[PDB]
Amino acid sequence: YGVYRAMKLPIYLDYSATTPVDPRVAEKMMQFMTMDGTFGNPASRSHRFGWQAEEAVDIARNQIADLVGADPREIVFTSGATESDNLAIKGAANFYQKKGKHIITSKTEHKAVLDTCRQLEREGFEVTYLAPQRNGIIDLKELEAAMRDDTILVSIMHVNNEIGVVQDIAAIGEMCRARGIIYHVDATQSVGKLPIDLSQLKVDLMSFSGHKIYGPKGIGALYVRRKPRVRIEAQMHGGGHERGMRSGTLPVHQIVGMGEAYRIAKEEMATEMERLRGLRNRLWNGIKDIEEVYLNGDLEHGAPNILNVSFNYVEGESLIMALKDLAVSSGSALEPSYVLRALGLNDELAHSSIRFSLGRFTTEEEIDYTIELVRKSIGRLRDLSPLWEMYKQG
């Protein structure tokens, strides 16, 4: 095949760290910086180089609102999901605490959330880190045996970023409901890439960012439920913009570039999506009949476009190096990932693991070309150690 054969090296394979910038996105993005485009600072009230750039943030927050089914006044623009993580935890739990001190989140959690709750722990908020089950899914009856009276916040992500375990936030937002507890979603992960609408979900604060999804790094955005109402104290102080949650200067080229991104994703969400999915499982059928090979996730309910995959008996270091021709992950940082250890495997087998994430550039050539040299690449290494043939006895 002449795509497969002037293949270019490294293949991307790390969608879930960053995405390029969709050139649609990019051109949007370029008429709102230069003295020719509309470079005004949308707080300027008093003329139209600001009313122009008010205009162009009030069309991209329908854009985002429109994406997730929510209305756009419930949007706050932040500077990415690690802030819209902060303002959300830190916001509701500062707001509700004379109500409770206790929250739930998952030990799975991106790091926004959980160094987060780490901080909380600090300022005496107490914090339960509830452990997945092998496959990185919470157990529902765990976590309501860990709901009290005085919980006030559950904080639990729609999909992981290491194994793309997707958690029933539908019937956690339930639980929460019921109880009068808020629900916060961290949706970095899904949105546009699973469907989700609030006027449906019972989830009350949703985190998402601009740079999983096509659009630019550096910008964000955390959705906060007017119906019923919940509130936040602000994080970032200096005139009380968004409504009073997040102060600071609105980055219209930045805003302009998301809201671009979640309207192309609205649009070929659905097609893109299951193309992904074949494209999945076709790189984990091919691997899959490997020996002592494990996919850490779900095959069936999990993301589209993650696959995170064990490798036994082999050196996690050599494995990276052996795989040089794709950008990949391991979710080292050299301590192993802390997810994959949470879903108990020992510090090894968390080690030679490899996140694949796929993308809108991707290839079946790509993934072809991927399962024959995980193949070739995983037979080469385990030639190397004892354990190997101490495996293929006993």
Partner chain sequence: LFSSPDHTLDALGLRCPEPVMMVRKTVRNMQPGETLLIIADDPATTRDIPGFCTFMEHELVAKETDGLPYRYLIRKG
Contents of the next structure:
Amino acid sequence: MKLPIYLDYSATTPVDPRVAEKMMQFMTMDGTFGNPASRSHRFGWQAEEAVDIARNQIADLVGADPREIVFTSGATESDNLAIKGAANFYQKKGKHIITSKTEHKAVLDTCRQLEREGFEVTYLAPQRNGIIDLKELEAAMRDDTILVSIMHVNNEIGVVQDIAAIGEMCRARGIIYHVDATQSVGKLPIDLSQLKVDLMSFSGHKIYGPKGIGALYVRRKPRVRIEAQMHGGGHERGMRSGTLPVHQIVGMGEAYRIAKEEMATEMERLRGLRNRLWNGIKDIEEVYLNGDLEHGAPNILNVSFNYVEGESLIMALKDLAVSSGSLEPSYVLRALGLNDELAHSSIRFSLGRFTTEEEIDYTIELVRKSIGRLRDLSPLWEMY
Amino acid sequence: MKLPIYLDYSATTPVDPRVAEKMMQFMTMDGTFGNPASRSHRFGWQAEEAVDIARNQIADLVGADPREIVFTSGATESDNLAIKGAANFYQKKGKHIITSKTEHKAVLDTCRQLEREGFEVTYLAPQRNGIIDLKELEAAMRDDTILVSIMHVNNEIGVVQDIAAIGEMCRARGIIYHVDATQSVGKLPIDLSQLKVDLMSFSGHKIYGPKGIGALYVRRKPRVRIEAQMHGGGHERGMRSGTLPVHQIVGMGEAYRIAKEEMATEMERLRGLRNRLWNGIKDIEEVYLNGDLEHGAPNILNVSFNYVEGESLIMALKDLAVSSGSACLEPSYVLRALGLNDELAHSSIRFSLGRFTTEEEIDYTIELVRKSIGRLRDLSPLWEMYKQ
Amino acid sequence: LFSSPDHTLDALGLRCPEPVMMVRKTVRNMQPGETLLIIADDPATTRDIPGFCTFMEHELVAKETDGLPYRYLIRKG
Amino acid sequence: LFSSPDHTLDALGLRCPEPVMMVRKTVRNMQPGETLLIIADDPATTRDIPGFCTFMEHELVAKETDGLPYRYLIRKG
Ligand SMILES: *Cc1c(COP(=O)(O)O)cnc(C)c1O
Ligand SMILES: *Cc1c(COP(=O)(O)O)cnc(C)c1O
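And the form solved in complex with its partner chain, for comparison with the form deposited without its partner chain?
Below, the chain from earlier opens the complete complex, with every other chain and molecule after it.
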């Protein structure tokens, strides 16, 4: 294969060639470059048709109605829109919000802004395996609790939350439930016609779509409402104003179409490679799996390596393009209870559509002799 | 030529072939598809380099420093960011904002949102050539005035505001000045090292870049600060969080580079084509120029046709891809701000030119307008009334 | 003339841009030549639906806009 | 070792990601082989500047980080 080997699909993925060649047809003069807001001519009407096709492809993946799909600039905005939008709309019912310590920054920082605006937020600590204890969640809920935000798949450790149960808990108490599904979309099955989720965020560049585009699911029945954060013409049915980037939208739709198609087979292959990689390193003396092997995403493997200096670990695996989630170490691992040194020598392996058996075996061997020769030079390992 | 003829560059422009050529290199596996935030490997570091190049290309166009450039999802966001960001940061000094009734929705709607948040906003009526009277602007300013937002070039009638003068008025009183330059960028010369503008918004798809990308200039000296409206990691120096769309940013940068280069020549050519169009229809009996021919953008021509039913006008000129500014129903809020009655505003056409516009297309347009207005006025009971 | 529609679409209660959104999706899952009865009460549909026909190459068979609810017979081009 | 720099760069007062932003730009209008003296007091530069050299294929001639201000001599590769 080629070097370095890309094992950072969770940071972003390459745009699928099929997705890319679709986008190319909605940019230049002899393409559908029109503005989907120009109602007086066909350049705009045809651009709107492409937008609608992509809107339905996105909806079909998550089992929603196209009218529930609101286009954003990405998952960051979607998380901001959902949380701030619901928090502001339902503040007359209360101002208390519940979330998790291991949520993506888009969620955590949004909640922090809301605290500065008078809202009260509870950040729940997860279990050692990353799972939220639903009884601790229940104990946090109150009369004035209006909103809960807990992600489907964790982007660092890949742990899967029980969003169905959480939805049941929320709906029963009239609490709005938001789910950040940026990592789960196109990986774990999602059906909003069954799920009791009110708001759900997803992106494009995590499932081989382009960066700079995303969407927000807003439940139509029972009707959920939000206050727009982006003003200027009341586009997206009053929920997100601005020109619709057709080429981006088309790319995201096409990506969601392909996902629905190759989902079952691809995720089998992924967790197959995922188990192949863990089996190949699990017998190294002092390594630790962060998350859950049996109910984690099929594409993420977060492993901690003991008695090795973190800085040098990332250099020893120079042949791999991975992530440590880091001067300061991952706030997610810190939340799990990892001491700062252990968190620094933790590697997040994320697999994808181009990952092969060959690359995994090469990775397994690289890890074996890297950890071995690092612990040789390690005064740290000598004391162990 | 081909049909229909595209004369709606103000709504959006086609992506330049060179621009799309560059964008396609930052997408797939064999390109630079990396995340500019991945500091642990090369995929991230070289995507970040491309972002920097495009960031300097954008800054060089408007005579700013790259550190003053904040990437957004478009001009709408930039307008929201600037206005809400400044209003919130400087609210201890006052809660009064001033703007124009002819501003783009992104500015107007953002202001109404701040109004329901406790802010007080003054919407100034323009003179009927579109120009804001600076004396009425000054009369609106107060102790508690923290922010003024007045656009460079109007997107519907193309009128140019004296942003330098407005900047002087603002800086002298310690008032933040925001300019929406979405329509003026790459069309009128801009130098922030001279201009007294604190915040300026621009886009990509108005200047042959791709939709879904934009930027907000935030003045570095004298330092101007704003509250971020998008949270999640404090990217863009804490002013706008979220992943950086490399291919988009590269496209906008390449477009701004091309702009700086072909600006002087292209604008003279468009100014010529614009004058060619007006001179070919100005002698029609009851037509009216909406704006200012001598200090209006070189690319926009808004004309009113009297004593014809507006609905049929758009249908008669179906060979042309234009705009009336109508909303959805009712007519352009910019035109009725100028004072046009609903009927006249309905029968107004905004011709906007671009770098694909030919003399051949303009002469076709001239003939079509002459022929169509004459044809409609014959069937028009309204016109019969005028002839008496 | 509204007697033999192949498909029906209850768009009552829907407001722009929803009516046309539903029309777009329904017309896409239709065979070329089939008909769709559209029932709506959004005043904008008097403009939007014929516009959908003009700019999207479809045929507007018959409309009813002189009272509520409106009725539009569309034949997929 | 710091005596013969072709170009200088006062990055004092700058904070990540600014210092590296200014380095990218300055290195861009530099001839391959010329040297740049970077003065900085941003702690992050101790990591970021050699990182700029590693991932951008440039050569770090000499660093000085035992106090303020820091000093980095790079040679355009
Ligand atoms: C990547 C990611 C986001 C951010 O998505 P963007 O479109 O890049 O802003 C949010 N949440 C999770 C879990 C993510 O993995
Ligand atoms: C088009 C336009 C905008 C909006 O630009 P987007 O990038 O599409 O959001 C804002 N202001 C003016 C004057 C415009 O012409």
